[PDB]
Amino acid sequence: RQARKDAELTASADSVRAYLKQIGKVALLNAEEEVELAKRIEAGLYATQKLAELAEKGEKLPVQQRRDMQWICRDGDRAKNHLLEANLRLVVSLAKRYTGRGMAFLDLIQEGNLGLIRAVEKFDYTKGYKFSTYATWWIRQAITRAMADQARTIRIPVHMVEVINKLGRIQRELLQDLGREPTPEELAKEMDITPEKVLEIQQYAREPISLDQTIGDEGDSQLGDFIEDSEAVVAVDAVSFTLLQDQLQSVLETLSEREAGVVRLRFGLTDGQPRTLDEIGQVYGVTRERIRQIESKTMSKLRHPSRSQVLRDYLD
Amino acid sequence: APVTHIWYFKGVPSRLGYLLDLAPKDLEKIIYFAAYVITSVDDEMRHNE
Amino acid sequence: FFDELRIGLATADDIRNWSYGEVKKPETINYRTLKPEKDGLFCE
Amino acid sequence: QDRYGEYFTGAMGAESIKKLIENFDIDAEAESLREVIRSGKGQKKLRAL
Amino acid sequence: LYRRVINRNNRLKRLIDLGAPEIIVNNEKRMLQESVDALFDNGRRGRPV
Amino acid sequence: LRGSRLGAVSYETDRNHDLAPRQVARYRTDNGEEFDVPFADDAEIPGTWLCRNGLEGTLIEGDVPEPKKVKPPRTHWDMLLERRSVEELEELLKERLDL
DNA sequence: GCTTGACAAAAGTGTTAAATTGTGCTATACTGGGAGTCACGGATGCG
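Chains as they are written, first to last, in our numbering: chain A, 522 to 837; chain B, 450 to 498; chain C, 817 to 860; chain D, 5 to 53; chain E, 275 to 323; chain F, 97 to 195.
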């Protein structure tokens with residue numbers, strides 16, 4: 522009945538259970554059977570590039586060799602595919618170390634596969650070393666690079682996450698020396714950096730929380746309902762400025778004719794572009810210092826309380 | 450690569466399954482890389498003697 | 817003005833039309849200077 | 005595939021279902037179902053309906 | 275969730291470039307489909323993210 | 097608490113009857129589509145642009161193709177030449193002469 | 001309704017140094033996870 526069968530009905534929707542069984546459809550290779558594959562890959566690649574090298578000039582070749590070269594290329598490609606498939610189990614073994622540290626397990630396996638690929642494009646039989654020994658380093662490289670590059674919503678770069686890991690490991694380890702969680706003094710005494718930089722690093726290592734968490738001992742309110750907006754438009758100000766635009770530009774400006782005209786350009790009230798002295802001295806037929814003089818006259822006359830009394834109340 | 454909207458792959462009824470006349474489990478196997486399916490076949494090598 | 821509300825099944829072309837840009841990069845905001853990135857999920 | 009992979013086309017995943025829906029014809033199954041509903045008596049009638 | 279797409283898609287864009295074996299690309303496309311399914315409506319398939 | 101948005105609000109005078117002169121350019125894309133961009137009075141004429149559809153495009157007028165170029169990617173063959181000389185590869189090609 | 005000239009402060013150019021960011025590389029050998037069930041209507045089939 523459903524009680525017994527349900528435990529296996531979902532088995533088809535678990536890539537962790539299914540990939541690890543579809544993976545093992547090829548037996549793991551040994552040392553004797555991989556040098557041949559590597560040599561054949563190298564031969565195929567070199568022949569493939571020699572086709573282009575010769576075609577740069579153009580010549581015709583015997584049919585037998587013409588077909589043998591293509592066979593070599595294809596079968597070296599097959600050798601590469603076989604070698605890639607023969608070590609996905611090692612990839613999984615290495616990847617299963619990093620489970621739970623942000624990245625998804627299957628993503629870690631895929632990145633280990635990328636590391637395996639880059640390893641096979643450098644494994645050299647001529648040195649006599651095993652494929653596993655060389656490829657483990659590259660698998661770790663790829664997996665760790667990915668896990669440090671995209672395991673956070675905010676990307677702390679490789680060089681920064683590096684020092685963050687150094688700080689974390691030192692903080693974890695040094696506790697046993699004194700029985701306390703190290704503070705900036707103790708951390709700085711061994712990180713070879715000053716306390717303020719350590720504080721900056723600790724702040725930089727911060728991670729964002731989710732708004733969807735539910736607070737209030739009930740599943741009704743949310744963390745985010747009570748977020749006050751600091752940017753929200755306030756109607757009164759929207760009104761007030763308009764009134765100022767209808768009080769400053771409209772009334773007080775219309776009291777000195779051309780003498781007030783300089784204020785229109787000097788402060789850019791009519792266009793928004795402030796203008797320098799000479800730039801508005803040459804629109805008329807006067808020098809920059811004449812503009813300065815008329816501006817001083819206007820400032821002295823307008824600054825007087827008799828007119829400033831109306832304009833002051835906005836921010837008195 | 451292409452992708453299929455989940456709301457139509459399943460839901461009792463599975464709109465995609467009824468549209469293509471495939472059972473939900475058979476359709477599940479195809480979409481999710483578990484079995485092959487024949488898209489088309491040419492009669493020139495089926496009725497050719 | 818509102819007379820009725822239609823709910824169709826969006827095709828690929830409609831989805832392309834609805835977007836003024838493509839998200840080609842997975843970062844949200846720069847960890848430093850706190851600004852959106854050039855191709856992230858928050859790009860200006 | 006090795007012995008006559010040239011005679012046909014087979015695929016898996018959502019791409020193959022894309023092709024299947026592409027070649028699927030609406031005018032075809034409609035008549036078949038309309039006939040089966042009335043032609044059939046038992047469960048087949050309900051499935052066609 | 276969106277990132278889980280943009281990542282898995284991007285890596286797939288790389289894997290096609292490298293011409294990786296069928297298993298690698300099939301697994302990548304399966305993960306892409308699963309991630310899009312989680313993005314649209316989580317929990318209707320398998321365990322939720 | 098107070099929340100921030102990495103933004104701000106302004107309320108100065110909007111208008112349409114007075115506007116700075118646009119300089120409109122159009123770009124054709126490698127996917128066959130064309131788009132338009134209005135630029136400012138500075139009279140700049142950029143030759144390349146990145147369009148909405150996620151693909152780069154070039155000015156329809158067609159001035160100064162390929163403005164700039166970047167280092168080509170490295171390839172498995174280069175990665176092989178870094179650990180082998182041509183003589184050994186030719187020797188292997190000889191070794192694979194027949195079955 | 002305003003000029004010549006002279007000084008000092010602020011707004012730009014350019015070269016260089018320092019820091020900040022991105023990609024590659026490490027060779028004994030190791031080879032395939034693990035996590036705390038029942039109730040409801042609908043598809044199939046019996047006569």
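A hint or two may mislead.
[What the hints assert, rightly or not] Computed spacing ranges between beta-carbons, pair by pair: (1) F:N112 to C:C859: 25 to 31 Å; (2) D:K49 to E:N316: 36 to 42 Å; (3) C:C859 to A:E553: 38 to 44 Å; (4) B:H454 to F:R180: 49 to 55 Å.
[Claimed, not checked] Straight-line alpha carbon distances no greater than 25 Å define the calculated PhoX-like cross-link-like pairs of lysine-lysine that follow: (5) D:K45 to B:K478; (6) C:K841 to F:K190; (7) A:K617 to A:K546; (8) F:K190 to C:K854; (9) E:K287 to A:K718; (10) B:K474 to B:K459; (11) A:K718 to A:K687; (12) D:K23 to B:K478; (13) F:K164 to A:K578; (14) D:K45 to E:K287.
Just so you know, the hints here were simulated from the structure itself, not pulled from any lab data.
A virtual CB, placed ideally from N, CA and C, is assigned to each residue, including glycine.
Evaluated hints:
Distance hint check for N112 (chain F) and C859 (chain C): the Cβ-Cβ separation is about 28 Å, which falls inside the suggested range of 25 to 31 Å. For the pair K49 (chain D) and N316 (chain E), the supplied restraint of 36 to 42 Å holds, since their beta-carbon distance comes to about 38 Å. Checked against the given bound of 38 to 44 Å, the beta carbons of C859 (chain C) and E553 (chain A), roughly 54 Å apart, lie outside it. Judged by the Cβ atoms, the range 49 to 55 Å given for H454 (chain B) and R180 (chain F) holds: they are separated by roughly 51 Å.
Distance hint between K45 (chain D) and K478 (chain B) is unfulfilled; the C-alpha atoms sit about 32 Å from each other, more than 25 Å. Using a Cα cut-off of 25 Å, the hinted pair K841 (chain C) and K190 (chain F) is violated, with the two alpha carbons roughly 47 Å apart. For a cut-off of 25 Å, the pair hint linking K617 (chain A) to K546 (chain A) stands: about 20 Å separates their Cα positions. Pair hint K190 (chain F) plus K854 (chain C) does not hold up; C-alpha atoms about 52 Å apart against a cutoff of 25 Å.
For the hint pairing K287 (chain E) with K718 (chain A), the CA-to-CA distance comes to about 39 Å; that exceeds 25 Å, so the pair is violated. About 10 Å separates the Cα atoms of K474 (chain B) and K459 (chain B), which keeps this hinted pair within 25 Å; it holds. At most 25 Å may separate the alpha-carbon atoms for a hinted pair to count; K718 (chain A) and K687 (chain A) meet this at roughly 14 Å. For the suggested pair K23 (chain D) and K478 (chain B), the alpha carbons sit about 16 Å apart, so the restraint of at most 25 Å is met.
Between the alpha carbons of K164 (chain F) and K578 (chain A) the distance comes to roughly 30 Å, so the proposed pair goes past 25 Å and is violated. For the proposed pair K45 (chain D) and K287 (chain E), the alpha carbon gap of about 52 Å is over 25 Å, so the pair is violated.
When held up to the earlier numbered hints, the structure conflicts with 3, 5, 6, 8, 9, 13 and 14 and fits the remainder.
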